[PDB]
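Peer 1: Each chain is listed here by its residues.
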Amino acid sequence: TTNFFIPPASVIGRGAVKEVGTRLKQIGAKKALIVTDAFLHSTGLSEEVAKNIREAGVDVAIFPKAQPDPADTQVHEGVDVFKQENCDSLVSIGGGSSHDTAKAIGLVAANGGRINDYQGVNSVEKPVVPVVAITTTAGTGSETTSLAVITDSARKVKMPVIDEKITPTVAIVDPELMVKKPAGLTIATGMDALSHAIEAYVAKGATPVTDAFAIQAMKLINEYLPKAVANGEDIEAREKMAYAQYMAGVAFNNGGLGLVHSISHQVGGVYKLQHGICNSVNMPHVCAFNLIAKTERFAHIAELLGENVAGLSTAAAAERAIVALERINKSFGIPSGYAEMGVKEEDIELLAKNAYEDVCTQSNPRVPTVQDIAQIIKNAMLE
Amino acid sequence: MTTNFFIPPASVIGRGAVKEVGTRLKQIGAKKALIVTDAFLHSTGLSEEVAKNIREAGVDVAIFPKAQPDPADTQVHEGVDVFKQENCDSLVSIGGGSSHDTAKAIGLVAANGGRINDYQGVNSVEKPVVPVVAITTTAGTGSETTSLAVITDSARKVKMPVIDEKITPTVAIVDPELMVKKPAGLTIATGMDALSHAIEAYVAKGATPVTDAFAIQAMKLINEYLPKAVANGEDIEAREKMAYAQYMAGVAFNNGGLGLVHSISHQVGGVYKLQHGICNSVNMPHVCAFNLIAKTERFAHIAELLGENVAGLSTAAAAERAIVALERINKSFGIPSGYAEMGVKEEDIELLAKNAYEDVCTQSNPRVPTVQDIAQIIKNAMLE
Amino acid sequence: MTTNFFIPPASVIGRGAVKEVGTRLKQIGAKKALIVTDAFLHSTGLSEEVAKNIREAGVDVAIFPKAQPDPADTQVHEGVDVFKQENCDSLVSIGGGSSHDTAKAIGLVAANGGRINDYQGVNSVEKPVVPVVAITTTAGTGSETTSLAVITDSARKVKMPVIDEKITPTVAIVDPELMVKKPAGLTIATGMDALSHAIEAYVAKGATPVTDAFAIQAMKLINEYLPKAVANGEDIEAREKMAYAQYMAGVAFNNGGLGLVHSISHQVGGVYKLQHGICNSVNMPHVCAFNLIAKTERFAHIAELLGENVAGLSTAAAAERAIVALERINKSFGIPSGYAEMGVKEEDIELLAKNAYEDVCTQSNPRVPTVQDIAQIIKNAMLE
Amino acid sequence: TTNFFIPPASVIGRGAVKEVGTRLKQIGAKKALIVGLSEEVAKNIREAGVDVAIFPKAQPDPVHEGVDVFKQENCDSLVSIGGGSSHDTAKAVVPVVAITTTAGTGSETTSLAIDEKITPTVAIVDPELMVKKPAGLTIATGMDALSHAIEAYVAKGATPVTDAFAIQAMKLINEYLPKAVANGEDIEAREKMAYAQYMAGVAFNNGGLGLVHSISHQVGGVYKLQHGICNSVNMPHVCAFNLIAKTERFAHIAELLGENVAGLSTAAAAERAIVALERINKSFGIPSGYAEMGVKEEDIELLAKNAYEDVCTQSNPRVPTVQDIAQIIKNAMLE
Ligand SMILES: [Mn+2]
Ligand SMILES: [Mn+2]
Ligand SMILES: [Mn+2]
Ligand SMILES: [Mn+2]
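Protein chains in written order, with the entry's author numbering: chain I, 2 to 384; chain E, 1 to 384; chain F, 1 to 384; chain G, 2 to 36, 45 to 71, 76 to 105, 129 to 149, 163 to 384.
The hints are simulated quantities; they were obtained by calculation from the structure and are not laboratory data. Any given hint could turn out to be false.
Claimed, not checked - No farther apart than 30 Å at their CA atoms in a straight line, the calculated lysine-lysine pairs in the DSS-like style are these: (1) F:127 x G:26; (2) F:205 x E:220; (3) E:32 x I:31; (4) F:331 x E:331; (5) G:52 x F:127; (6) G:205 x F:31; (7) G:181 x F:84; (8) E:84 x E:26; (9) E:31 x I:32; (10) G:181 x I:379; (11) G:32 x F:228; (12) E:331 x F:84; (13) G:181 x F:127; (14) F:31 x I:205.
Isolated chain I, as found in the complex:
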């Protein structure tokens, strides 16, 4: 008895943004709060989106106070604006920060409380405000997830908030908005997409449904991600990566992740490094730790990342996945180890301990000890 949670309406493809208003009109929206970063508000994309929405008889207001690593303070600022403007819907424009902020605003405005009071897994009881998420990056997949991560203000800890009700109501994935992404950013986000697909395939809670999307995501990523890193104007590469991010997000949201994300959450937060790059640096060693758990699947992954496994044993084909991960990492210039990125040995223990406590660690195919995590990070320190 497994649950499958996906946005009931998704528009994916060139020009998809042009349908925000249309989509909000079907949900029956009267007025929408747009949540974005200050920069996108300066680019004018927020204004174009608001125009489209208002054309469909849906009023709009803007909350350009989203920041990277969203915080409860701004979440509640946005709930305040929601109430003052008398909004009935939320629309998010940007990366994961915008999306998670919007989801938290909706949760608190419908069921009340502090977003602090929603840490952990929740079964909120009130009807929740619809959220329409427009993605501008090909990674994260937050337009399809039931998870928002908000940082506590006082305690400087991050809080995961999981509920089937924050699962966005409309997901708009337009590749055209992703074209001006620089090459390094494309690398980071695409490697996080690959991270999602690989972790979902070997996840403890993988269903055949999750595996469908995960496998197709690995196929599409393997072909076009280098092409999108090479020429960002290649709209076909951008479109295949858009679909790949979507499928990978659904896959990990319902199936699960693991130590890759657990480790890189701590490493990135502490050392202020990019999510995708940390994920890519530690994935080859995490998968080695996980090899005994899902051997057949890691052989399949080696084949899906583009290796000739014919005439190989399932153990050999499994290890070829690690070889492929290092091949990809070398092609996109991922750092050689964590040490280059500034990780200090004296911190590993902490990084391990906190990573042991992450919600992601529970879906990892191999049950870990704090020392297992520590040894993973140590092996990832330098090549």
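Using the hints provided, position chains E, F and G with the ligands relative to the given structure of chain I.
Peer 2: Quick look at chains E, F and G with the ligands alone, frame taken from chain I:
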């Protein structure tokens, strides 16, 4: 490019999922649900089991058990009246595609007015329809994930498709334990219709990477386990794998599209009153062979996914192997050798063919057809 | 899940194993044995040599040489009488499956009372039975290790299966040296029945990893050495290997089950008085083709274990190579081409099928049958 | 003439512990003496009309005081719960019912504590009782089971009967032992490991063991270490020593442990067996040598001597000298 993906936002696929109905109904804000089912399931008690679950959870329920195979306009409007009298705020469908589609039509017409035959085709209706919770008892149809209801008009003796995004079910309940007692023939028909759904979705014109995901995985699962369920219906793992397969094929053809298999089967099964799955199974080999020039590569892939070793073959050879795979499956499941034995008359071919031309599926078929093309397909599907 | 595994606690396999009977019978602690055997065996004098071992151990002995092919209910109740008359405390069985089944049935009825027919089907006898030491002279049956006794009904002509954990022998003696003088036809019948046991247990519904182990080994050994033993009976190595394969196939089908092969041959041999292994070999390719859709992967494995090169082949193709291999072996041993040459008449088919449907084994069959399915199997095996 | 001794009744699978009393019933037992699982077991026993008593003295290593203590509370039948220790202690013909909590040892199916009358009357293998086994216990116990299967397949007294169970044990272990090491809450993995332990145990009881156990009996006795881990450390070098004896079967073992020996000579295929065992050792974190476990060179000689007189050395496919055993121990000290 401006492609829409509609899917039930919540699905519970697993053993004992039926018990979740009320809970999920509670999470939509439902107060009074109307249960729409057939007559058998009612006599079996399932309607009242579900009803109890609903009532305990705090929701109220009424039972409309007049859904019939080959859903028809009469019962649709009748159940609409019952919906209005009992002042129900939600719908819960328990059974095969008949119950699901009839419930979709009930809620649709309950909101927006006239006869369901008026809402034929693709509709963008503007009044929100009530939530639908669909509990499936067949490893086929896919109706608990589709935005389509097949309401048959006997006034023209044709199964009419009715498509609107609002009749996409809001909760999907796929419990394999309600599918255990399915007799062998029903298992074959449902499973082969699901196979048709995946195969017609893969080669469909509007197929997208997302649809191909579910279509490929459904084909792999069907190949591995559908014979296992046909042999022993009491193997819960086989039933469960087929449940996942059917769900994914439903999503696939809902968002990618079907083709001339379903176009033809609608006419043949509406006129001669035969089972949908077996009609699909008799026509598929020939429809696919017609389509071969359109999607040679993907048909070679189907050959591999349906259990053929296409190593060292031309891509055209590997594609041809898909028809061999299909015919092998057909014989293994005892599918009638031809449409002729099923009672189809050569005289009616044209009128079936011509009418098949007007089904929406012909516009999703990979190869753009002529009425005489379809006629030749139906001719070849008569003997051997 | 929870599975019970019943096996003789002590087994002596190898040349000269018959030397240990009396020894073991003292370790178990017995004083009044009843050598149950046939009369031909009694004239061979084996009766008195085994009795010499037993009387040297210090156990009184009596001989009841009334075991016949198709062991009847009449001789069962008659031997039960002898058991009571000779105040026998222990049973020793010397012969093929007929004698073994007779001795264990004697213990059964002497314990619980009721005649033989009352114990058709699976029973859970509550009255303890006497220890049994089974000395086998045929490389088939495996009845030295089974909880089953195949006794036929007089009137209904049904070789009744009688199953109980209490009748599983306490000591099993497999001496290949007693198997040398077996004619080639008897070697064929017994060995082909052992192959039958291994195959049915591999595809049985109640198959476990333990029973699977034993079935696989039995099939490998049979493929290599049964033809060798059919050619030259004096080859003691081949006879010993066949003894091992029979032991393992007996444990496998005892604790995993059988299927329609034995269901059908029970009726055909009860009605027309025909050899068990021959009937089984005549029906096996057709039973396995029906059951293919259930265990395709395992039938491919069986093709490889019976000596087929399944390289570059689909699992469907490899599974069909199992039928090919079985037909090949049949030809190599001269098995009848069909039941028609064996005198089976189409008129009885219905009855056969009906009574086969009520056999316990049909419930072990991977593919759930109907009476008409069983009928079609028997029909297809009539001629070829 | 070869003998095959096995418990006459074995209940294997999830929930098997429910049949204890049930099986006792067909034994015709009256009371019972069990050598907080104990109380629920006794409740099920009483649920069939069977009186119960308890023997909580279950000292791990062997002893005689506990045997005589049990004798004092005399009873008609015995139930034994735990790993090898409890079974061996209750081995002291009164029926013995053996409930195993580890997927190794196989003592629930053995005639050793050395007589066929101490083979248990009933064997109960419940994977549900093994879920809470920590990863170290899982690795040790499963690797001991693999040791059993491997040693019995190349053993001198092997029969086709024993070879059946040993081959299937090796297959099941190859696929599922890493799965149970990764997530012990996987019931499929633990159930497969249960069946594999049972089969490997029957196989080594009837077919025999070899120099792996000869060496590790001494090493674990002297330095107080884990049986499975010691076996895992010397098995690569022991198998290497035995290669010339059963080269064909070692190539088969390479295949069974997940290697592709296709296109390889029987020699190369045999060497791939050592390659596979070393891979498995590294995947499970086995110590690199006995030296990291605290074994000292000065003792090797004595170890060798004592290992030579173990009966297992007579089952080894290759007949050894004390100096051969000493070389093996030395080679396994460091990597
Ligand atoms: Mn991520
Ligand atoms: Mn259909
Ligand atoms: Mn037989
Ligand atoms: Mn051991």
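Peer 1: If a hint holds in the structure, say so; if it does not, say that too.
Peer 2: Hint by hint, here is what the structure shows:
1. F:127 x G:26: 11 Å, holds
2. F:205 x E:220: 24 Å, holds
3. E:32 x I:31: 26 Å, holds
4. F:331 x E:331: 27 Å, holds
5. G:52 x F:127: Holds - the C-alpha atoms of residue 127 of chain F and residue 52 of chain G are around 25 Å apart, at most 30 Å.
6. G:205 x F:31: The given pair, whose Cα atoms are some 37 Å apart, is violated under the 30 Å limit.
7. G:181 x F:84: 54 Å, violated
8. E:84 x E:26: 21 Å, holds
9. E:31 x I:32: Roughly 27 Å between the alpha carbons, so the hint for residue 31 of chain E and residue 32 of chain I holds.
10. G:181 x I:379: 29 Å, holds
11. G:32 x F:228: Given pair residue 32 of chain G, residue 228 of chain F is violated - Cα atoms ~54 Å apart, limit 30 Å.
12. E:331 x F:84: 58 Å, violated
13. G:181 x F:127: 40 Å, violated
14. F:31 x I:205: 62 Å, violated
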